[PDB]
Amino acid sequence: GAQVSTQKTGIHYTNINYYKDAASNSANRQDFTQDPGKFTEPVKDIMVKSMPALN
Amino acid sequence: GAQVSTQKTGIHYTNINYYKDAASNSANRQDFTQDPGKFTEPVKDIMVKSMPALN
Amino acid sequence: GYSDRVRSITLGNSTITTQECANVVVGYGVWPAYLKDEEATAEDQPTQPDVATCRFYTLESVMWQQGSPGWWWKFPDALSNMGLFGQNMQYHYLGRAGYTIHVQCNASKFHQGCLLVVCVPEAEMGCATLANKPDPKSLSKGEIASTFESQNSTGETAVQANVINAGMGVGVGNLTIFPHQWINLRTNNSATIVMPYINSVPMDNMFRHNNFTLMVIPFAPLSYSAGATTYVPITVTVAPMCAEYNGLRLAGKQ
Amino acid sequence: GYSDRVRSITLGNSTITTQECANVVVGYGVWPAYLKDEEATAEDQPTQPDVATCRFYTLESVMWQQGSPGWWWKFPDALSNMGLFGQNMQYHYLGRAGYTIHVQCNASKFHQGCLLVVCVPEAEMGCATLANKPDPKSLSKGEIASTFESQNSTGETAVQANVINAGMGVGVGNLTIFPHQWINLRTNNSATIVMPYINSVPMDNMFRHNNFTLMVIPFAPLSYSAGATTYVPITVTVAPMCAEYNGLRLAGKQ
Amino acid sequence: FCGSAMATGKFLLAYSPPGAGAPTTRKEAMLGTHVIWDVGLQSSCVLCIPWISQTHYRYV
Amino acid sequence: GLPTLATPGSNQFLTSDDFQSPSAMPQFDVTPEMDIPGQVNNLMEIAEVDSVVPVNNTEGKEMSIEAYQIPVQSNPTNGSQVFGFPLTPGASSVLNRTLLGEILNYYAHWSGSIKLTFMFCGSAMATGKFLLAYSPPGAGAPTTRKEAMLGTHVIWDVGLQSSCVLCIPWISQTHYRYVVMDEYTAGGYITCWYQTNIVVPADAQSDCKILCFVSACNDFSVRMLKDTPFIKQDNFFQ
Amino acid sequence: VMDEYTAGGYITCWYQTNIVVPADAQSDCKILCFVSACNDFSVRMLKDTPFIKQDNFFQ
Amino acid sequence: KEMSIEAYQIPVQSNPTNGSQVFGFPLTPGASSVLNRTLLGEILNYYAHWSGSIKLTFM
Amino acid sequence: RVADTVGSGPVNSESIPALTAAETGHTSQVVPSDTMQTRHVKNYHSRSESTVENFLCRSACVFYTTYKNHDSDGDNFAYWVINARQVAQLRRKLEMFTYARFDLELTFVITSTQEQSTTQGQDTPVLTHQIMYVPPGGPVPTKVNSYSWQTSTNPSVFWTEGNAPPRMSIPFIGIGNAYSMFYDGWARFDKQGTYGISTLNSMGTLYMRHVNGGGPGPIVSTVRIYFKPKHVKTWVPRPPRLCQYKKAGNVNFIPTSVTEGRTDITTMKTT
Ligand SMILES: CCCCCCCCCCCCC/C=C/[C@@H](O)C(CO)NC(=O)CCCCCCC
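Chains as they are written, first to last, in full-length UniProt numbering: chain A, 2 to 11, 25 to 69; chain B, 2 to 11, 25 to 69; chain C, 77 to 330; chain D, 77 to 330; chain E, 450 to 509; chain F, 331 to 568; chain G, 510 to 568; chain H, 391 to 449; chain I, 581 to 851.
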């Protein structure tokens, strides 16, 4: 009961976990999430680029 | 999730990629493209063998 | 009828007005809220004082000067002496809460200067003397602001207060990763942050751990021409938000 | 979130911002644009540099004073030395283009004065000496502003620069028929005009003909009390718009 | 506030119900019902003493 | 030969591995399974069982059965303390050696509620009310019936029901607590006080004994396996 | 690293119109500058920082 | 000034001449004494290749 | 993947994309499309290599020790209290985040060296080692042969020199919902005593030792420990460590300049 994922390109690769503890698995590098809104624009008030930050 | 390709003869061979980075894969030698028209006949004008190169 | 400067915040018997502001920075985009049954460990029912505790407490003021290197206030403690907050804080083993920090400072159109207002969570500080650990009094003095220095601090058990490193061994000019706002006298008047509960555990003791430190450092030194008012104070006002408490018992701290 | 003072103009790698303006005067209501096949005579295909030429070039500044009578800059030439504009200008017999003129000057709330910014097309000027014709250097000095005088100019081959007549034999106070804006320190900060190509021919040479002159004359003399900053500069920034060129050849000017 | 338009300042208007003494510190006073009034263009601030009594009416 | 690339960890011997291995005895016919009573499936079913706590492990009494006898008597004052020990089930001279303690000492992390049961063993003519209380860590340890009472407690009257069950609930900043004594993971204090002195008629013993049992609740668990510090050895036995 | 093949250009700032101030107001002021990447920024090839050294194991 | 907080203070004042320069540094975010130690700089120094636009804000 | 560039032409408006109020604390979402004309560019660049996972997921030495094959009195084995602050490299990396959560991939590189003597007729057999982990509270070894090496419960690894380096995986063994990289707090509720991360620190010791003495000739083996976070989670970014490290148990430092100096505020010739 394996699984096929795509490779890192500019084709996939098959894979099976042989161990019972998920900690044994390899690093998940096919991951790609991202939220910069935490660090930039953490203002309660949404800002329009065209507008001024004071009006 | 493997793949079968024909061998080099005068029968196939199964194959699976075990790594996540496509760079890890083996050299693709089953390749066979070719365009000599780049190097020979690079003239803007198509030439008929039966004809002369000046007329 | 408005200005993105105007602003009215109310919690309990307290109310804040802003005649000059930018916006309101909100933690890491996360707005504070009560701990869910899914993220809890303490099985006892928690106390939620609400109005009695989640209100605006205004710490002692501080005077800004042409040489002032900066100030800081550890937080879980600083309110250890503020009304029923400090109380629920003494009678309980565990507690968690968010905050609404409001730093206020005002000058005239002829004064100039610029402050950085940040909330450093887990602001562990180093000792002035490599071999030791900085004593408690040097770390925090409750509502009394502590001071950074425009040079190296000295011996025994004090904190390495030299401002360039915020006493944390980093580049002071990078503190901007943590929640912050700037008070630029020229265009500002106040700064307001909304820090949510941030920690690696659902709740914690409040006298043993300071989950964050407020720092007010001036990058643009205060200045003014002769004749201008010379005393420019800074005042910090903070308000606990969604404070829960667990593990009730006698009061104190070991 | 705006003010009819606010303003952001961009052309190429250049960008203009206006924190204090009126509006934007636009030629004679006509906005600049490329010459149509119906109004053309030159049969060769024209060059349209675009970004490389239609951008913001900022001339040398000038200092405004309590006595400054005024300044002026001829235009086809003035940009004769600005990057690829000046170049396409040297290699071609014919050329046509519009412009976005932006005069900038700033003082404090305590300074006062008022400038008139106009674009006089075909501003032929007279000579200081009735019998002669004013030499080229007296007419225009490229990016270097020329000056009007608070009196009669003198002999040889200079221009009759007395301001009251704008060196054209008219009443200086009537220049207001041509495209213009006022820079009234009290309420202003910058002035912006959009001059379209104006001439009796679809295209013209650029070194032989100055299709218009910018003039900056102060009607309300600059003033300020002692202690106020004394140096108040004026800076002209212009940007070619829809420049076409024809008749390519070697470069120069006869 | 009737000072020059160039003047600034923030004030703390506060009402402390009867019970303890009368506030004698900005602190203490601040533990009561209050509003912090910044003097910007809005020169008039409205504090609002709410009704809080053991009884419905109070003697005059 | 199918191309193979061996990875680190090969030919290694990991105590806690878990791979298949060849049988030294092929087709061996194992003896059929019977149905012995009282089968255990998890070490917790053990720790949920009560065992007597040697609370009075005082002045030489650890060598005698008296270690389990809590002393109680008629007093000429109220509020006197009966006993006290810290909620440190893992490394506490009192608890650590119980059924719960023993199990705990085979691990390193623990979490859950505890049941302390008390059994009054005085004459049926004797009476009295007690105050069993648990005070979380934070302030000092209670030293008055007051103080102790501001904590989590139960007031136990000794009527026909001679066994009272106090129940220390789980209250920690973290999910688990170290099995060893770490002040970061302090557990709090357990104390007992006279709510109303022991009253007795004439010709009936004034002093009696209380027994105490410890055990875990249905929300208790443990993690991280480790050898017990309790059993040593010098040479192979014979 | 600094490689002339991969030169990056120059960043400069100039007075467009001198700082004007009224009487009794400071002539000299200070400007602060912040740097940050845009939404089209990326990086490649991992390597240790040249910024942190060490001589023996710490204690 | 690198030892003081003044390192971040860009000096500006009233001048008796136009065009005077205010400052200048090369677009070498990775190995430039000015940039390299910023948030952007720090990150960059953990890699070897970079690409993208930059935002310089002035206050 | 990164965002591609948008085609931009000339503009004339009251819109101020070039001006904001940094005092806001909000970072500008200004692209080059504003403040200048741009062509259209379909950008394919990927940020794949800057993912938190990839930034950390790389084995790094965290420490190492020594022990002899011989010595009377036992005393010829070593130990080390697990911790990741005795090495500069990795510490600084992990300390770019306040809280983190991850599994660990342990890899050991064991090597042996032989020292000078007078001993003769030496034909030394293969060397077999033993690394034994001891959770906190467990009975610790005293001599190269105290009973505790039976590891009846404690896990450990046996390895014969000459083979591939040993390796195991460790789950997220934290007590709280995450590992704490910093701790502005104390150990005791009366702020007396230990202050710093050193209080959260408590993950047991690691014991190494030769199983067989090999020969009578003196030998000294060295064990290198390598961590490698996997399945990573990170919270609250921090300013990278500016000052050099001075102690393993605390943040202590000696004040350092923000950067290096140049001649003028105008010198392009950077330092
Ligand atoms: C044969 C097999 C042997 C396996 C041996 C495994 C040994 C355990 C290695 C664990 C390494 C964890 C590294 C995580 C970093 C935390 O140390 C830090 C970092 O500043 N602080 C902190 O200390 C965080 C506080 C969290 C407390 C957790 C308590 C367990």
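Since the hints were made in silico from the structure, they are not lab data. Treat the hints with care, since some could be wrong.
[As the list claims (entries may be wrong)] Just some of the chain G residues that point at chain D, by a computed CB distance under 10 Å:
hint, residue
1, 515
2, 518
3, 521
4, 525
5, 526
6, 528
7, 540
Yeah, the Cβ is synthetic: ideal placement off N, Cα and C, and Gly gets one too.
Okay, the hints, checked on the actual structure:
1. The criterion of a C-beta within 10 Å of any C-beta in chain D is not met by residue 515 of chain G, whose closest approach is roughly 21 Å, and the hint is violated.
2. Given hint, residue 518 of chain G at the interface with chain D, is violated; its Cβ is 12 Å from that chain's nearest Cβ, farther than 10 Å.
3. Restraint check, residue 521 of chain G versus chain D: the minimum CB separation of about 14 Å is more than 10 Å; hint violated.
4. With 10 Å as the threshold, the beta carbon of residue 525 of chain G comes within range of chain D, its nearest partner Cβ sitting at about 6 Å, so the hint holds.
5. Checking residue 526 of chain G against chain D by beta carbon gives a least distance of about 5 Å; that is within 10 Å, so the hint holds.
6. A least Cβ separation of about 7 Å between residue 528 of chain G and chain D falls short of the 10 Å threshold, and the interface hint therefore holds.
7. Below 10 Å, beta-carbon pairs count as interface contacts, and residue 540 of chain G has none with chain D, the closest being about 16 Å; its hint is therefore violated.
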